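Before we start, here is the structure in question, set down as structure tokens.
Every protein chain except one is present and positioned as in the full complex.
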Amino acid sequence: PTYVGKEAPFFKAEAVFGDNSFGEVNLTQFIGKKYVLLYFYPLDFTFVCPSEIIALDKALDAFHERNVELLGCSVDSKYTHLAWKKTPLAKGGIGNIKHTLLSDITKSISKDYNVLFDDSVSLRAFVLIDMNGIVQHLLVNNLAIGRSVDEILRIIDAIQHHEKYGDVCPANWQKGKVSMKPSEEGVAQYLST
Amino acid sequence: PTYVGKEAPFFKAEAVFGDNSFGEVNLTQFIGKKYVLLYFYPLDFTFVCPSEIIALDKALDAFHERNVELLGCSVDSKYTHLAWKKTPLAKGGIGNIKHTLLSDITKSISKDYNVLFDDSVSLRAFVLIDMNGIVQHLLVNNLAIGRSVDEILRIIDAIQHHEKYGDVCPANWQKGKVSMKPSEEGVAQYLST
Amino acid sequence: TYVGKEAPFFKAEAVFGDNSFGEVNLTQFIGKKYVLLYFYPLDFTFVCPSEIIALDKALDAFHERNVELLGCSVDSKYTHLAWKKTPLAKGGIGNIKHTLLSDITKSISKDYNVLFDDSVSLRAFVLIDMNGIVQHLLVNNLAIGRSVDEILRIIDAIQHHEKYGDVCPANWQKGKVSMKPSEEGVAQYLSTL
Amino acid sequence: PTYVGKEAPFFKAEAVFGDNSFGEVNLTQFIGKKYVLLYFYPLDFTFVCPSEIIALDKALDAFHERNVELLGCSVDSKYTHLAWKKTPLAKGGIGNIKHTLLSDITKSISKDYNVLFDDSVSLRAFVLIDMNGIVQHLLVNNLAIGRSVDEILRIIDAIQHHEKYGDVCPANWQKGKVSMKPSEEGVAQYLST
Amino acid sequence: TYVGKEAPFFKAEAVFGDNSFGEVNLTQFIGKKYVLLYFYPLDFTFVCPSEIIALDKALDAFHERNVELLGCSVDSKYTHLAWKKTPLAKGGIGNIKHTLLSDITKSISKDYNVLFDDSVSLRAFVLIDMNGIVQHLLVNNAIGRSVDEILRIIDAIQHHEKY
Amino acid sequence: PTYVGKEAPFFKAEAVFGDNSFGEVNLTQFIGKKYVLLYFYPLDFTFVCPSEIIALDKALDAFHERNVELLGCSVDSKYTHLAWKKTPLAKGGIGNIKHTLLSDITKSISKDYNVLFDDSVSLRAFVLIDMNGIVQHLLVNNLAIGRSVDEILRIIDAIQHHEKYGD
Amino acid sequence: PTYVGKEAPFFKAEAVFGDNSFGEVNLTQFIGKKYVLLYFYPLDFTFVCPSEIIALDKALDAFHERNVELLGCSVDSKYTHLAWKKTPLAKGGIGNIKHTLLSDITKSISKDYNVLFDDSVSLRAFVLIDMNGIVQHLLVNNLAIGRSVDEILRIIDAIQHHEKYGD
Amino acid sequence: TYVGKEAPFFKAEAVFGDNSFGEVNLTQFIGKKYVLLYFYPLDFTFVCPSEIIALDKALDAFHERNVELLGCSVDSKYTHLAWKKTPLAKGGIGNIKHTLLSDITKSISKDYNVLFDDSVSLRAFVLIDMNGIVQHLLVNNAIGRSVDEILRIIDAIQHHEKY
Amino acid sequence: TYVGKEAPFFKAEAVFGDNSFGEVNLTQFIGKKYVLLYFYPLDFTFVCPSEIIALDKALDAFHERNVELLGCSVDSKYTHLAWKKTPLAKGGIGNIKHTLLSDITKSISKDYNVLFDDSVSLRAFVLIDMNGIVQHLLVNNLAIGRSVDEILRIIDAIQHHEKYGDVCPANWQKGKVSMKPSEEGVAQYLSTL
Partner (left out) sequence: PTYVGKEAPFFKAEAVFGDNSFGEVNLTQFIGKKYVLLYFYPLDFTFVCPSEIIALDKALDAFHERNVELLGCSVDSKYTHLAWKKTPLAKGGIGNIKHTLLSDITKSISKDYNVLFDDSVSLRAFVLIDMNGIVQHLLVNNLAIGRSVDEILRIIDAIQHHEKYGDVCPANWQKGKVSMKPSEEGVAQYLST
């Protein structure tokens, strides 16, 4: 079955931090403290991947505002990550990005999140985990299709709006568009409108 | 494992068409003819659902342009769908929507797409199936979080762009933002830029 | 078969007589009330209303012989509420006073063996003791409708057997002559006839 | 899974005919020819049983008119069946009844129709079988409750009427009150009234 | 086989000599009486009555050697009662004074290995001694059986016990 | 379930014939030709058994007349059988009997007919097999009696009476 | 795998003693007390076997001296054994032998020692068990010879020589 | 057991009397020669040489009854060769003229049920007749064995065959 | 073990000497070339470069004895290309001329039993015949490096054995004295020594 609306599978991975030092990150350290945006990409030194990593790092402050930890994940080793960070953008590199990059060297994280493609690389996936360690959102793109940062942010905004108010977020909801109480009266006022 | 980047699971369901007549729709009838946007929602006569169904129906012409068939799916019966269509918007109804609504009365479609929540209702899911019957995109939201129509459309645009050109779509790509050839040179020009 | 045995346990979300939502389980009537659990395929269909309306018309007859009337279909409780708010002139059941159970997981239809084609429950009556023992089962395939006069007769026969220890003959009703479950007995009843 | 609405379990059994001769009846010999009212009763020399068997034989003409073969069945041997016919009503016998009584000596018929109680005797069950061999109606009573001949005849009328007109019969339908079109306009027409 | 070993336990509804209903089990006899458990196929047959009538006629010979006579078939207790109440002229066994067990579930026939075609028991004798050991077994396919032989058998068995 | 009223289990055994020569006897050689009274006894050289086997041999003529082959069977070897036939009656032997004695040396026959006791020896038993090889009658004695030569003769006549008439 | 050099399989058998009385003999009664020469032969009342059993009984004194209990064993019952002892030597019997003859009536002993042939009888065999109940020697003959009474006597003396010294 | 039945098939590397290497199998003897297959634990032991030397001394007695003498142990062919080349004074078997099989895999010992503690074979004799039937088996635990007895055994076996 | 047996089959995406991408399988050298398959844990690490550079320095020595030099690590071929474009002064391997295999699925490390902790291959040499038979295996745990002189010696020993049927003694090298695999033989070689 699916883990969406259910407990996020545990992970522990070697990582390269924003300052380029080596470490370790696990899901547990975040439970009760902050939201986790785990994003998967297939490969270092490829094509769509760097554009996504750079786009997400530029919007890092938008994530800090929303109390979300941004974690990139690929099958590549932590040494491959550091080398990609020491590669200039004009040479296909990601440069000195500020957020943490995880190494799924065993492939077990991709296997647990059901995003491993061909026993090789992880698909382009967004996993939004709340402060209780529950998956609220899942987005999986095929290897050729890059994703939108405005969209996960809107998703984060919608989830945090529901958590605070208990209101339900309708189709196309932004801040501060009109929300809806999950009742008959309710709907019923919103559609009418 | 996952069906993203792989063959979409077959389905055959009773349906209520745009004209309110009863029929049957199966995945096979679309293979080689048009793209399929299968969207799941939990329940008729609920809250986020009608706002999504109405929002997608308003954008129906944007889907016709892109040669995509729009299919809504819930666990509810086809009789429950027709009744919801005969319910005015001011009373929590969806009104006379133009696109087809599928009845997953056996729950097997939700089970096959791994979106069945608690053996009860399907999660809010987007499944984009191409003309070869291959899943290119998957989006799963929890019950409280409504989705964006501008976003699947952008996704559809990105997939159709890649199909036509072989170019790869970077983070945040619109029409007609700059795309990228999947090579070293390549990336490498796009990031630089 | 469970006839003459204990009724399988159930616990379901329900729409009460006052249109509010709740929960009903079978254990809560043990030692308190008789239960007439009736199944019907779908809301917003055809013979279902006439059955439900006829059953609600004679609700006073059920209250008098201390029996809880419980309708159950595969539909969600929101569909049940919607059907209750639809007038008779439009195919609705109107504001009925007995409880309707939502067998949304189909668990209850499976356990009582009335699920057809892994989709909808057949038209069935199940009469449950104050001791939680099934005394009567009726299953109709075709939309032919069930006579209330007969289950009222069946309830009278079961309650007569319980009170006087007398066995109820063919065509017995309240309050014509019954027979003692003895050799003496049968012979007395059969001549003269 | 129940057999109501599906094909009746095949049976072949030794039997005592109306002329008190021994023979063999099987289910296949009626296919495309007669409706079959298979009825079960626990034991021959007991209490409710004869009253039912005699009441059913008194109404034999009405079954012959509806082209339905009346078949009694119990765990008893054919020799027990014969002895019971040779016993006067005044001694607890059924007398010289004209319809066939099947002998379920192996208990396999009761097992197959799921009416065997405690590996000993069959419950009081009516099973109505199509001319196509499809079970349309099932009625299972606990050992003490006698059944109604007027009620099964109504049931038979409701089924044969439904076969001829596709007309869906409502609650308490009798030959020949107002019946219902299985439509939307339909149910709206019938419920007003 | 159970011959020479302890008898398979049984518990059945029964019609007594006085026509009342009740229960008989194996436990109630051990250390107290010998048991002649006989099986016959069906009530209301042509062949079965003469054996049962003949066995009931020699009932005093059975009480003499302290042996409880028990008839058993797959028929219900009610079929048993009705057969006793049927006159001899019509094929009835009449008012026999020994107990008839109802093997309504066929359990007893299954356990004693005399169930034929999962329908009825064969014509069998089982002599169970006071210790619960089966000393004698006889199974006939529609063969008539003899009363004077079982009496010889019992005498011979109770002789060897003595002695 | 039981084989009474069903097909008698097949057997093939080494044997000591009436003339004290050795050979084989199997079930199939008798089908459509003779009835078979197969009788089991526990051991050669016991105290009780001679009187039974001697009594049955004394009525041999009555069996030929009823078209029944009379066959003894024990767990003992054929050499034990021959020796017992050569032991004089006063010493406790069986003398020169005329019907065949089978040797259930493997115990497989006793197992197949369910007369084996404690994996050792067969109980005292009668099995009557008709010309179609269907068992019509079975008698098992634990000890040690035994057994009316007239009764198997009686039970042979109807059976045989039923094979032609009724009841 | 084999039991030679390992623990001799346990047995308990009905037996005919030297004085023609009956009883039981088991392996455990001899542990720490006597060596055991267990010998198997196929059947009582055969042509070859007497000469072996008679030869072994003639050397009985030599076994007592070497502290070895001498035990015969066949599939036959104890009643077959007793009868064979009572058959005179001229008729083909074994006479009043003095060592015990075990009865492998269940065939379980022959199976456990792996001397059973075609589920019927044991082959001609020698099994020598020391005072610790460990098999030190095994000899199996198919037919039918057999066997040097001196050789088991020789092989008994070392074994027994090794139990005290070397090589 | 295989005594009285056909001998478990074997195929092994061997050192011949002339010290050359080759292969010996069971098939090459059936319908042609009797086979005395003997097992001993290990090359270069104190006890094992005197048996092998004694067996090779009586080789002419074995050729006389048409019986092929075969030694077998778990040692390699090279260990066999070296043992022959070792002088008698040092514990060698010397230049024996019958074949020694190498049971390097322990397969042959496993199949003949003489493998002890999954290491070495026990001291065993196996006489296989011309039809491939095992007529004689002898297994010793460090017990010395005798050459004049096997010769009696063979004579007795070939007698019974004749005759 | 597969030493002295046929090498397990492999087929891998590869980065060639000219920096282009291709595919190499083991079957393509059978009957054509000897294969020296070497494993190393990761690109952009430590002793890995010195090993790879030392192996490429003596490539002419491998060509001369007709042996294909194949490096293999768990990294993707894009990581391999990136490492080749990194200069020695920055921890890169530079423009090496022998092929590097990408064991991206880890299948090859599993089959050759050199996978440590389900993550990376150990430092291993595998020498494969022209008949596809493994003649030599070397596995180092610790980053201690492998001497080229030794596998060149090992290759000479294997090729000497193949040519003259002579067995190669302890400390043998080209072209000191070898020994015939015979009793005559060994003795000649050992005295005098």
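Lettered A, B, C, D, E, F, G, H and I in written order, each chain numbered from 1.
Keep in mind that, in the parts below, contacts are C-beta pairs under 8 Å (C-beta built on N, C-alpha and C of every residue); 3 or more make two chains touch, one makes a residue touch a chain.
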Subject >> Omitted-chain contact residue, chosen from H:42, H:53, H:54 or H:61 >> reply: H:42
**OP:** Sort through I:47, I:59, I:61 or I:130 and give me the one touching the missing partner chain.
**Re:** I:47
Subject >> Chain not shown, touching residues in chain H >> reply: 42-45, 74-76, 78-79, 81-83, 85-86, 90-91, 104-106, 117-120
Subject >> Interface residues of chain I (partner: the chain not displayed) >> reply: 1, 3-4, 45-47, 49-51, 53-55, 88-92, 113-116, 122, 134-150, 153-154, 157-158, 161, 167-172, 179, 181-183, 185-187, 189-191, 193
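Following the convention adopted for this analysis, only the chains that are shown with their structure count from here on.
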**OP:** Would you mind pulling out the distance in Å between where the CA atoms of chain A average out and where those of chain I do?
**Re:** 42
Subject >> Multi-chain contact sites of chain B, meaning residues that touch two or more partners >> reply: 46, 82, 184
